[PDB]
Structure formats: C-alpha cells, structure tokens
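Sequences are here, hints too, so could you generate the full structure?
This is what each chain is made of:
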Amino acid sequence: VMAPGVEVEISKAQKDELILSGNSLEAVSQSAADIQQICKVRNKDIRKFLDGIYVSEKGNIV
Amino acid sequence: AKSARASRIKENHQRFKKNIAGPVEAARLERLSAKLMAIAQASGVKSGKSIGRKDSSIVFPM
Amino acid sequence: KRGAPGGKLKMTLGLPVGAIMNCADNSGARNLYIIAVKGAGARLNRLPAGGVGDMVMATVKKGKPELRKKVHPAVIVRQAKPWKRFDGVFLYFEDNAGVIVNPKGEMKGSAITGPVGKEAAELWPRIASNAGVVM
Amino acid sequence: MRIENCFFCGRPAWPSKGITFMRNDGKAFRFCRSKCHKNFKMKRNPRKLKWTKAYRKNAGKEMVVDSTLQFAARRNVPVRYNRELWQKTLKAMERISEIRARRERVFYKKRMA
Amino acid sequence: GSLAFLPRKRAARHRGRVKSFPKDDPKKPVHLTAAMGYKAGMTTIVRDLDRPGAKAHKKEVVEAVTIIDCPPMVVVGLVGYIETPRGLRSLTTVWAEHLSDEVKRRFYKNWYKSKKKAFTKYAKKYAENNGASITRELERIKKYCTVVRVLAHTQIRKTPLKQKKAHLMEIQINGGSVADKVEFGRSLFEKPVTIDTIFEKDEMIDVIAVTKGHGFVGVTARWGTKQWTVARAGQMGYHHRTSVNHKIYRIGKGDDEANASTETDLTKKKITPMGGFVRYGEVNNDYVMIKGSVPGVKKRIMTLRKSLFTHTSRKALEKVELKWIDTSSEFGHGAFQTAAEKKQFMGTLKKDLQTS
Amino acid sequence: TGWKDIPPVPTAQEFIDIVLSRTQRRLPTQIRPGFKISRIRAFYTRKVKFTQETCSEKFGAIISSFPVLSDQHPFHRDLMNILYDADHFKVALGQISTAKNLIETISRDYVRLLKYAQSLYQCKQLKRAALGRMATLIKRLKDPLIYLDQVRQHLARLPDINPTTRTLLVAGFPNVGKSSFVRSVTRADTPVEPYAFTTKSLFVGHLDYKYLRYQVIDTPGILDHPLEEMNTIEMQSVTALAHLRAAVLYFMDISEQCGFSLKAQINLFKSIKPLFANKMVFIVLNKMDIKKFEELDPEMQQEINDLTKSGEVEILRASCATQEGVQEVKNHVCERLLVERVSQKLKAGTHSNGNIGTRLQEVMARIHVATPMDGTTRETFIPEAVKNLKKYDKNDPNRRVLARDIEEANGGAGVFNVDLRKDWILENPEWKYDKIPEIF
Amino acid sequence: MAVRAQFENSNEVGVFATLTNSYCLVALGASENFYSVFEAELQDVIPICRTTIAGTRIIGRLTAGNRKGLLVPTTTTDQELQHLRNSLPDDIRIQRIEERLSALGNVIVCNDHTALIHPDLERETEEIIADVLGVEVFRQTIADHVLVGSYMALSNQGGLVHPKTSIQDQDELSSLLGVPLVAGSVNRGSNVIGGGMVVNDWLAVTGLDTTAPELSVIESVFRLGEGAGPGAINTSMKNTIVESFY
RNA sequence: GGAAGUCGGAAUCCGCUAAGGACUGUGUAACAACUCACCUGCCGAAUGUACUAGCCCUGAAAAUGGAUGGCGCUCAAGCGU
RNA sequence: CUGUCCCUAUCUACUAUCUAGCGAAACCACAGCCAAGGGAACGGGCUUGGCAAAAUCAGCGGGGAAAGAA
RNA sequence: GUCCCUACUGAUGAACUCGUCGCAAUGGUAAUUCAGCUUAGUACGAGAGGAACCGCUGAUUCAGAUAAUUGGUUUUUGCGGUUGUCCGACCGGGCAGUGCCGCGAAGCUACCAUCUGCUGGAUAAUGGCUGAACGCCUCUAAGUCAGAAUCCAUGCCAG
Ligand SMILES: Nc1nc2c(ncn2[C@@H]2O[C@H](COP(=O)(O)OP(=O)(O)OP(=O)(O)O)[C@@H](O)[C@H]2O)c(=O)[nH]1
Ligand SMILES: [Zn+2]
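Protein chains in written order, with the numbering used here: chain A, 1 to 62; chain B, 1001 to 1062; chain C, 2001 to 2135; chain D, 3001 to 3113; chain E, 4001 to 4356; chain F, 5001 to 5440; chain G, 6001 to 6246.
Derived from the structure by calculation, the hints contain no laboratory data. Hints are supplied without guarantee of correctness; some may be wrong.
Covered stretches of chain C (in silico footprint by chain G; criterion: 3 or more residues with CB under 8 Å from a CB of chain G, positions within the stretch not fixed) [to be verified]:
1) 2116-2122
2) 2127-2133
Partial pick of chain D residues on the chain G-facing surface, computed with a CB cut under 7 Å [stated by the list, open to error]:
3) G3026
4) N3076
5) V3077
6) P3078
7) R3080
8) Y3081
BS3-like mimics (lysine-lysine), calculated; alpha carbons at most 27 Å apart, straight line [what the hints assert, rightly or not]:
9) E:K4247 to C:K2010
10) E:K4009 to E:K4319
11) E:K4226 to C:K2038
12) A:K44 to B:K1010
From the three backbone atoms N, C-alpha and C, an ideal C-beta is built for every residue, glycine too.
Dropping the structure here:
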C-alpha cells in the first residue's frame, strides 16, 4: 500500500518497468524503497539469482 | 519453527481472517441476528426525555 | 533420510526399548531385539516405544548367522498391546512381530508370515506388496 | 458403518463399543464387551454358556427356521441405488419386524404351553 | 507445573464469569454474546469427515461429544456501562416487570422463611406512571453508555435438578449503536431467548465453567511429579477455567421428538440415553451437543460464549454430517438404542407372559 | 561422486581467532585466587586441553577431508598431479600433520608443568605460554592454509568424469570446432569464441542413444610439441587422451581455418597415435560447408586414404555449423562403441572352461522371450475411442479442463472438496446427491 | 503408451492403482495428480473410480479384477462397495469374498482370458473367482514366490515376470498362459512388478524411477506405443539390455 | 599459449608541455573502454596536517531484586574557579 | 544358567483427622518480613529503601545448625 | 572428636445492614519442536541430484481439562463357583482380621483413553528514505520506513 499522493504506472514505453511519480519527494522515495525491500530474495545466492524490482532512474516530471 | 507470535504467522493469520473467515462469520451473524430480531419483535421532566438527577470523595472538604 | 513415516496418527505405544519381538518375513531371522526407535522425542526417564508402522532399530537375537552380525532397521507389523483405530474400533494382535527393512524402506525377505497391520501397510508400500493378510 | 454381531454372545456390537482380536490365521474376532472378551480369553465355550444366543439356538429357545429369518442375510453382490427400492425396503423392514415380533410371541407361548 | 494458573485458589464463585467479551464495532448487526446451560454428559457419534488433507477424508470417524441442556433463557434486565480513566463503570441498570420466583430465589438466601418482598416497589415504580423515571434511565443509557449488557436467567424449573434457584448473568450486546442495542434489550424484556438464536450449528465457541474439585491432593497428582515455583501440597480442583475452540455440532430442538435422528439412521429417538443420563436425568429441552470434553461436573452451570477473535482454521468453516447418535445406557456396557430394539432382540419374557 | 564436500579451510588468523574464541566462550573463564590450588590447576589444565582437542579436530578434518592421491583412478591422480603440483600439495598436508603433532606435544608438556605448578600466577603464565605457542605455530602455517583453500575451491568446482563409462572424448587443435560440436551434441555450456584457447579446462556433457547414457568430454587443444615440452593445460588434454577408455574424436579442418597446416594435423595424429593405442579412433573432417572434402589436391586426398588404410581408425565427415552430419556422426560412433562394449562383455563372460557365467545366464534370461508352443494368439477388446482418441498436450489452447486444473482453480491442494458422486451412473440422475438410508 | 508417475512421492504405482480393459481404480489422497495423469492417459475411454477399500489407500494390492468383473475382500465396507457399483456400469460384476488371504491384489494376477492364484486359497474361492471373472483359473508359483499378484504383471498382449526366473520356468508359464512372456525389472531394479506397474492392453503406468531400458522392455513386451513392440525387438535388439542390466 | 601500464622479474627514459606514472584502481583471452595521480576553465576566501589539554564513549562482564543514602536532577540538583 | 536388578505374594515392625473427659516434656535474654551498606570472609536491633491491617486452621520439602586452617 | 517462630502453599474470617450483578489497581503468564501433501522432480544443475514463500494435514514435549469409549482397580463383599470347619440333613447361613477364584457396574484413574491450547503495538543485530556536518559523500545529526521466537500488553489465572 502506497503513501498518499503517489501515482503508479505500467508504461508502454519500455517493457517490464514501472513509474512512480508524485509531489512529495519523501513519499515518492519511501514508496520506491518499500517496493524494492519487499521484493528481495532469501537464502539464495545473490551472485546467481539476479531477479527483483529495482530503481533505475530518478528525476523530475517536467 | 515459526512461533505462534511470529510477525509472518500473524500476517498470514490476518489474511485468512480477512478473506474467508470474515465473510463466513458475516453471513452467520446475519442469520443469527435476523432470527434474534424476529423473536424480539415477536414535558421533558415528567416524561423522562430530559435526563435529570436520580432520586470517599474527589474534592477536599472545604 | 530418517525413516519416520509421515502423517501417522496418534496410537497406543506397546513395544518399548529393550523389547523382544518376532520376525515375520522369510529373511531367516527368528527374533529381533528393539534397542531404539526412530522419530522419538527424547524426554527424561521415559523408555521410547513404537506402534505398528513405526521404524525401530533392532538387533537379531537368534536366526541366520549372516544376519546376526549387524544392527538392522525394522518396522513392526503386529502389536499385542491394544490400540484404537479412527473408526473407533479398538484392537490388538496375538503377538508382537516385525520385519527387517533397509533404510530406504525395502524389505529383505519375500513373504511375510501371518497378517500385516493396516497402519504398516498404509505407511510402507513394500509391505503392502509382500503382505498376505492385511487387517 | 454396520451393526456387527458379537462373536461370543450375539448382542449388537455397535461402533466404538468393545474390542476386536486378530488371530494369526487371518480372521477377526469381534467382541461386544469385556465379559465376552475375558470369557473367550479363558476359552470358555459360548455354545455351553447359557447367556448366549448360541446356547439359545442350540437348546431351542429361539426360532431358527422362519421366512422372516431368511429375509435377513449379509449381501455379497451389491446393487445399484434406487430410491423407490430403498423406500420399499424401509417399509418391508417395518412389516418384517412386526411379523417377527408376533411370531416370536407365538413361539414363546407354544414353548411355555 | 504451570506458572500461569498458579494462584491455585478455589473459584470464588461457582458460576464463573466471562471476563472478556468480543470487541464491539457498530458495523455488525445487533446480537447477544453468551448464554448458559447445564452439563448432562457425553455420547458417541460417527461423522462422515470432509477434511481435505487428512487421511480420515471421506471416511467415518468415531468422535466424542458432550451434551449441555439449554432451556429458553428469560431476559429481565439491561445494564449500561460508561468508560472512565479507572476502567468500565456500571452507570445504571433497568429491570423489568414481574421477575420470576427463580430469580427472586437467586436474590434471597433463606427463601422459605422470607416474606418474598423483592422488587415490589420496583413493580410499583413501573405500574404507577413512573414510566417517566424508567424512560429517563433508558435515555441515560442511550446518551451516556458505551457498553450495554442484558440480564438473563435460566429455567431450573424446566431443567431436571433438585435446585430451584436460577442463574443470572450479564450478556453483552454487540454490533450497533448504543440506542439500537438499548432498543433491542428493552424489546427483549420478558421474552425467552433460544440457544439456536444465540448460536447456530458448526460455530466454534468458548466454554467457561468450574473444573471438578478434588480437595487436598498431594504433589504426585497435583503436579504430575515423579519458592513459589516449587510443587506444593494443597487444593487441587474446583478451578475456574475458560476452554476455547469447541465446535458446536448440533442444536436439538427438544420438541422435535427425533432429536438424535440423522439422515442415515431413520430412527425416531431423542438424545436422552436409554435409562437416562447418569446422575443427571433426561434432557427434555433444547440441547447443545459439542465436540470434545468440557470443564465441569454433570448438572453444573455452564457459560457458552462466542470466540473473541475471527477464526484461523479450516476446522471452523467445516460443515458437520452426523451419521448416528449413541443412545445406549451409560449405566453400564449397554448395546441397545431403544426399548423396542431390546424387546425385539431378547423376545418375550416370563414377566411379559404373566402380565399379559 | 565428487569432491564438493570439503569444509572451508581457514586462514591462519581466522583459525587462531576461531580456536581462541571457542576456548573463551564454550568454557568457563572466571577463577579466583582464593580457591584451592588443585582447582586452579584443574581449571587451567582443562583450558589448555580444550584448546588442544579443538585444534586437533580442525586439523584432522582438514587432513581427512581432502582426497588421498594414492587410491584414485590414475586419470584423476594424474589430473590432480598436473593441476595442483602434487609435490606441493603433499608437503602442505605434511606441514599440517607435523603442526598437529607439535601442538599435541606442547599440550602434553604444559599439562605436566601445570600439574607441578604452585601458584595462580604460574598457572596463568603457563596457560598463556601454551595458548600462544599454539598460535605461533598457526602463524607459521599461514601459507599452506591459503594453498589448501585455493585447491579446495578448484576441486569443488572440478567436473565429475567417470573413468570407466562409454565416452566420446573430443580432442584436436585450437579452433577446430570442438566446443561447437560439444554444444551441438549435448547441453553442456562450453564457450565458443574465435580466439585460440577459449576452453582452458575439461568439459563434460551427456547423451542418450538406444536408451543408454553416454559421456562426452571436451578437451582444451593440443599443439605440435613433443609431450615433454607441452603446457599444463595441454597436458590436461593428454591425460584425458591417455587414461580414458573411449572413442577418440580427433577434429581435423580441411580448410586452413584454424591456422595450422594439414600436414600439421597429420603430424599430430601420428605423434599421439600411441596415446590412441587401443581406444576407438575416429578422425572427423569438419568445415565442409566452407571447403568440402572433394575440393582438395589428390595428393592430400591420398595421404588421408593412406591413414584410412591402417588399423581401424575411421574417417568421417561433418559440419558443426550447418549440422549436416552431426547426428550421423553421433549415431555411427556411439553404435560402434556399443557393439564393441557388448562384444568385450560377452568375451569376458565366456570362460575358457566353457561354463557360462552367472551374469551371462542372467542377461540371457532377461533377453529370452517365452512364447506358447501352440503359437495361438489371444483376442482383446480395445475400444475404438482409443484409436480415434487425441493425445494430451499441455501447451494446446483448447484442452480439456482436467481434475488438477479444476482443483487449482477452485482452491489449492488441501482445500478443494472432491465430489465423489459426480461419476455415479444411476437410473434417475436426480437421485444423485441423496443421503442413503443406512440404519433402522 | 507407457507413462511415468508417482502417487504422492512413492513410485509403487501398483499399490495404489488397478487397470483393466474396462475400468480403472485410483486411490484417494490429497491432490488429484494421480487422477489427472490417469485420466489424461484414459480420456473417458473407460470409467475411472476414486475409491477406497478397507479404509485404506492400497486398493491396488487389495483388489483384483478383469474386464468382466471386480473382486474385493470381506473387509470392504458396504458404503465403499456401493460407491464401486454406482461408479462402474452394469457390464462389470463386483463381488466381495470372505477369504483368509485378504491381499487379493497380492495373491491373484489376472488377464481377461486366464488367471493364476496363490496355491493356498480355498476351493470355494477358486470357483467363485472362476465364475465372477469368467476366466480359467490356475494354481502356480513364480520364482518360487507365493505372491504372484505382487511379483508379476500380465495383459492380453504380454507379461512381465520376476527378473530372476529360470528359462524353463518362463517356458512353463508361456505354455500355460499363451501370451509372450519376458522377465524384467521395474522402478530401477525393484522386484515387485505388480506394485511398480499397472498395465492394460493399451496403456502402462510405471514409477518415475523406472529406467529407459526397462521402459523400452515394457513397451516391447506389451505392444504399447503402437509401432511394433513385438518382443522380437527384445530378442533382436539385445545390445541395449545386455549393456544396461549386466 | 595468450600478458599491449594493471598474472609475473628488473629498470623506469625522452619529447610535448598546462600535465600526464614505462601507471593508482575497474575491466578483456588479449585488446578496447573507464578511472586515479597531475593539469586548464567556472566558482570564490580561508583552509588542512600532526600533536597537546579539558569533558564525554569504549578501554571486559557473570550469575536471588537494589542502590551517588533514597527520590530525583540535563543553560543541573554534574564539572573548574 | 547366574556371586545381577526390579515388580508381585507372605510374615515381622513402626506407621492415625475431629468431639467428650484426662493431660506432660524438650526448650525459652527479648524478639522474629525482606534487599543494599554497616573495613576486623560478623548481624537480629543501626542507616535507607521495599513496604506494612485484627484473630486463626492445615501442609511443609526453606532460615533460625555447624568449620579453624596447614 | 557438642517442637516453636518465620517464609511459601492453600483454607476461614469481625468491623462497612444483608444480598445480587459488575469494574480492574497490582501480581503471575505459555506454548514448543519435528514430519508429511501441494508448490515440483519445478527453480538451479554437464550429470548426479535438488529447494523455498502461500495453502493443507498430522505427530513430540509442555500445559489445562474430561469420562462417550477402551484398559486397569473392587468393601457393590452385587452375583456365581469352590477349600477346611460348624449350625443333626436339605434350604439358608456363620467363621478363616476382605478364605480363595471368575465376572463385576458406580466411582477413580491411564498421551494405556479422549478434547483444547489464541493477537496488537514497540524494538536489538541489520537493511533503508530525505538530508547536513564536510560545496563530494553518508541510514543520523533534525525528521523517518522496515525488521528476531526479543520487550510491553490483550487473550488467560488471582482479585
Ligand atoms: N564454417 C564453419 N565454421 C565452424 C564450424 N565449426 C566450427 N566453426 C568455427 O569455429 C569457431 C569457434 O571455435 P570453436 O568452435 O569453439 O573451435 P574449438 O575446437 O572448440 O576451439 P576454440 O575456438 O578455442 O574454442 C566459430 O567462429 C566457427 O566459425 C563449421 O562446421 N563450419
Ligand atoms: Zn458379546
């Protein structure tokens, strides 16, 4: 569940990627960190199992 | 093994309580309440609407 | 992998540690001496015991010299101590008997003399195959 | 579920009522109570003990030949479910029960003539 | 032994108290929480299990159930509570017309010699147009109270015991606004409530009772042995207990005349065993037949309440398909369900011939 | 089966820290000067011992986990010898062993001195001395621990090559197509790149042919050099070429693609034929798709024919890019291996005395088919739905719902309620789902 | 068609399965993976019954039958027998027998023309089997093992017998039956063919540990997978088997 | 075998200069590529290296619940004058 | 079979709540709730804290007993 | 060669008119581990091998109850058999500190029998968001997210 005021979009710009936009920087970044932390691997090999949902680009909407 | 007080165990218990037992007990209470309601329906001062005074301590005796 | 059967229901335990038991197969051994059981919960001063369908670790007392050299796993097939099956029927056998089984769960003999406990037949597929009477 | 009959005495051995014993020969002995269990373990003869259906039928205290008694049998070739068949079976059960009771009254009176 | 149930003092009151009602939220409909009953004994059932994942699936399993006779329960009062920094406080109570002789016996100790003068001025307080006062108490409950309970008493007159004194308790109303629940209680004054309206079938509930007393018992049986944490000799038994998670399997209507009948055995018989419940008698009223054992002696008062929390097991969602109910005599090693069965089995007797 | 079960070999500092933490934490460390002298002696003696048994257990585990080169198949023996400098390996193990002996001697001597100690200060100094002398020993055994850790990792990563199994050993010169053929034939990941020494170790894959499991071993690549002067990696191939009963597949490239002359390949073969003493030898000419065999000078054609007219070495043709004959090469070489192996098994079984061996009797029994003397067949009723039925395929769109998919959609594994009356064939189908009366 | 499966995690499929040319019996437990594979291989061509005998999941080792009948022990309860009848059509007759040897699947092997039983059954049991199955019933032993129902499989197209039977013994059973007979192993060298296989005239289900050579043996023996599968392949193409099971 | 500054051994020069090491790290089978040192442009005014002296933390601790005397105290009700 | 152990059986001996009546002795500075501190391996009264409610019955497994030192 | 006070465990209790129905300060506190099905012969792996979260079901230990059933116990001295002896015989009984033997209800017991054992917040190691110190940088300084069978409570026992 996200912080209030953040928009989430599965864009048809690149495949298998997500956009998290908003007005409050703390809320945007904390939501991104929460999703990144919830999708994490357990009791496996980090060097071998590369799968996850990871932040790629940070910037401004306009 | 995971204890009965584990956070993960509590989370799974919460999902189970919210998704299945919730609706089941809701319908059960609906039926029971319907039956119980059926069997049950089977001047201000001189009227009581104005609630007045009926008939150790907290303050120091002055 | 420990030869502990899975899903076994609670049953009265009648063959403790230090037990003399008969051998029901054609493996050539005559009696077994249960000295240990598998999957037990170690509590103080209690001698562990096993019911039918439970793996125990036993030594042969009399029988074939070749078998009288090593300690062997074995699952007990008949229990004289009464126990109740979930259909509420209490029952017990005439004696206490078992069969020598390898750790994987395969018997050394080819035929079991006498009847076979229903719990043991359910738990071990090989016994259900080499069983003559199942009750 | 089936209303079993006690091996030693013949009273109905209902479920959860009693103990059964498995001989090495491969056939099971179902007893309805501890009395019967202990009597068989002491190896007394049910045909001789006088509180058993075996003794009653051997000394001729109960009827053994009656069409009412050949209606009852364990069935070894099963049949298909049929609602009217089962209902008519229930009604036949009632009729045969009352006929058996009334013929039993007559048998008792003819004996104690 | 256990360091939780350690003040091994005897229960101060023979009835037992709920000590916790389920948390109230107005979203649910208006309902009562608990009820009483009297233990009769236990019988044997076989159930066609439908439990996916167990080897007893789609099979018949013999199971032990307990009988609690629950005659209709008369509602006679309404208690309104307020919430304070020191806890919950009983703001005020409102009784009803014509309290019965059994609840008045509960109020008195030497009932035979007393002048039976309980609630006479309260009956006058109703009948003499002080309905204004009673309504002002009701509006005080509506306006100031947050927890509302119902005073309810059982019917020993119907229950087959030598006693004649009833058992009052406060049963909390849940699921609604304070005004709605006050209206519910006021409308429920002087009408019996039925156990099938309080609970229903297949609902896992909680049973509160006083477990049997054994007097001064040594450590061997008191603690199961071979500072306050050391096993000591003293009172064992007669202890207030609240046992949780007991599935109610059947509610028998008492007047059905076929209470023990299932869909598979078309035998018209009641729950009462052949010869009656040992040391209790006959269950001639509505009865609750519950899985497993229950704290308490036969004919002891019971408290049946709902679970404090939503369930987490498939065991509570399960439906129960009974097959037959044991009716044989508990007085010994019985084998006959009905006197007709016994007569048909044993034939006619010397007494039958001499009488006829 | 393998050598991956070697426990980690600590460095000297890690070993010292482990042993001293262990004797610090698993054992009491509070004594007072006002205690009995016997108690003080016992306390410090127990400390020194516990340290000694901890060190002995660790060193013994190290010494006994690693394989002993004496008892391996000489394939593995020579592979380890060339890949680990068995001399250095054995001297490192010997240093570990002599350190174990030194530690146990120190413990014994200092326990005796502690027995004859007379004060708490003396006991403390004797304990400190003993535990520090053992530490100095470890700091001396810094380097062998590092070498053993490295070799432990390399052995744990080595593949499993079974010395005695039906094997296709592919060898040849750098850049002939060995790795390409290996990936085209089996599913083992062997790198294919255009540079010289891509494959620098031994790779192994597996095959199925006539329901038998075959091994395939890709070797690095040998270079025109008298065995004595070759490289280590090159000798990895030669050890493989020497100590494995197999079909050798020597890859020649008709085209000059690799960078070595056809005369150079012919030379190498004649040089390593003594390695291919009695193994089943197949030369495969690849790269036909760039230079077919017929497009050559008859002089080289005739040299190849002269090599063919010798022993039972066989010339085959393939192309590891168009996959024209890879399956044919598979079939031919594996079939020849199978027939040779069954032949030698039959000969080994056939004793000179004439008595058929027990295993041979058993295999003849498993081969024999028993048939009725009259030769009459028996009539069977196969329903025509079998012949007009469609095979189940798990990827098809319009499949049938199927019970497993039903339970998965309608719940899980311990959730779905199976309806046992759905398959009941009655007279009136509404009579289904009826509580059958049972007792009266 | 020969396929590979396991009940829950057990490779002994003959313990939990029973195939004839007119019906299939499948044990009841947990998931419907066993039922799913059996129905996918028998796509409503013949009825399949999810049953239990004696409150037990060893229906394969407790039951025996052919295309013309089904046979159950006396320990079978009436509800289970009623389930069997309502699940199977009227063209199959089902009988319960009061025999001491309750392991019917272990003591009686059956093809839809003949039969072979433990020498220690009763005469009354002999004629009632001969009547209910409508087959010629004989009294022999295999590999000197008294449990033919356990240590052998058979069909109207073939038979797999204990791997350690003598040549003359194999010839004797071949003369007795009339079906081509080969000795082979199941489930990676297991001796319990009856428990490790269940084989009908057009389908076989073995355990997942059954090796490819012995699966090929099975197919060639019972003419599965259409193709040829004569057993003549076993005689001619012998290199595979002599290599694999030496 | 391959080793182009960076798997290894030794020296480590010259020009161009603003400055650039026969190279501090990342990387390739080798390269390539990136990066550091150093240098120039923008910015604009104080920085940064080592010690010393106060106070504070750690600088080692077991086993019935307890002790600046207790409460409690934080621009003190602690510390120095 | 035993120079082994345990259980069952028998015998021997000591084993016993309340009421009526009868009715001692041992022993006794005064007492008796805990924790820390009380330099002299010393606390029971002192300091300062915990606390702390009449009168009784039963059970009892803890304290009110110990060194003297080469 | 030296039966009493007190603690703990329970049980009564005058004063507040008796009684009923409640609140909860404080004090204790509880659950534990293993295995099987599905995930799945899937992920991964040259091969051999081979998991995990969600869902489901049992078992071990511990704890609190209970007498449907089963087993044990017998002064039910309830019924029957039988030894010695006696009441003249039969019947009916007595004595042998419960003569002995069999069955034996009621009651009491036995993981020898059966039932039940529950949910929120705050944290440690640690992983982070924004962002100074220190124009780079930084989980920390201000602010703040998550997170162990841990802590504190509810559920539970005493009042
Ligand atoms: N045209 C053609 N090229 C081939 C064929 N087989 C291999 N190659 C070439 O071989 C090159 C790669 O070398 P590898 O196949 O790995 O040869 P190798 O014997 O394993 O030796 P390494 O190259 O060191 O691994 C590719 O670039 C191909 O062009 C073939 O059949 N036809
Ligand atoms: Zn009976």
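Verification of the supplied hints:
Chain G is given as covering the stretch 2116-2122 of chain C, and this holds because 4 residues of the stretch bring a CB closer than 8 Å to a CB of that chain, at least three being needed. Beta-carbon proximity to chain G at under 8 Å applies to 6 residues in the stretch 2127-2133 of chain C; the threshold of 3 is reached and the given coverage holds. Using the Cβ-Cβ criterion of 7 Å, the hint placing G3026 of chain D at the interface with chain G is satisfied: the shortest such distance is roughly 4 Å. Checking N3076 of chain D against chain G by beta carbon gives a least distance of about 5 Å; that is within 7 Å, so the hint holds.
Look at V3077 of chain D: its Cβ gets to within about 6 Å of chain G, closer than 7 Å, so that hint holds up. Of the supplied interface hints, the one on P3078 of chain D holds, with its beta-carbon coming within about 5 Å of a beta-carbon of chain G, less than 7 Å. The criterion of a C-beta within 7 Å of any C-beta in chain G is met by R3080 of chain D, whose closest approach is roughly 6 Å, and the hint holds. Interface hint status for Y3081 of chain D: upheld, as the beta-carbon distance to the closest one in chain G is roughly 6 Å, under 7 Å.
With a CA separation close to 21 Å, the supplied pair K4247 of chain E and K2010 of chain C stays within the 27 Å bound. Simply put, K4009 of chain E and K4319 of chain E have alpha-carbon atoms about 40 Å apart, too far for the 27 Å limit, and the pair is violated. A threshold of 27 Å between alpha carbons decides the hint, and for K4226 of chain E with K2038 of chain C the separation of about 26 Å falls inside it, so the pair holds. Among the hinted pairs, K44 of chain A with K1010 of chain B is consistent with the structure: their alpha-carbon atoms are about 25 Å apart, no more than 27 Å.
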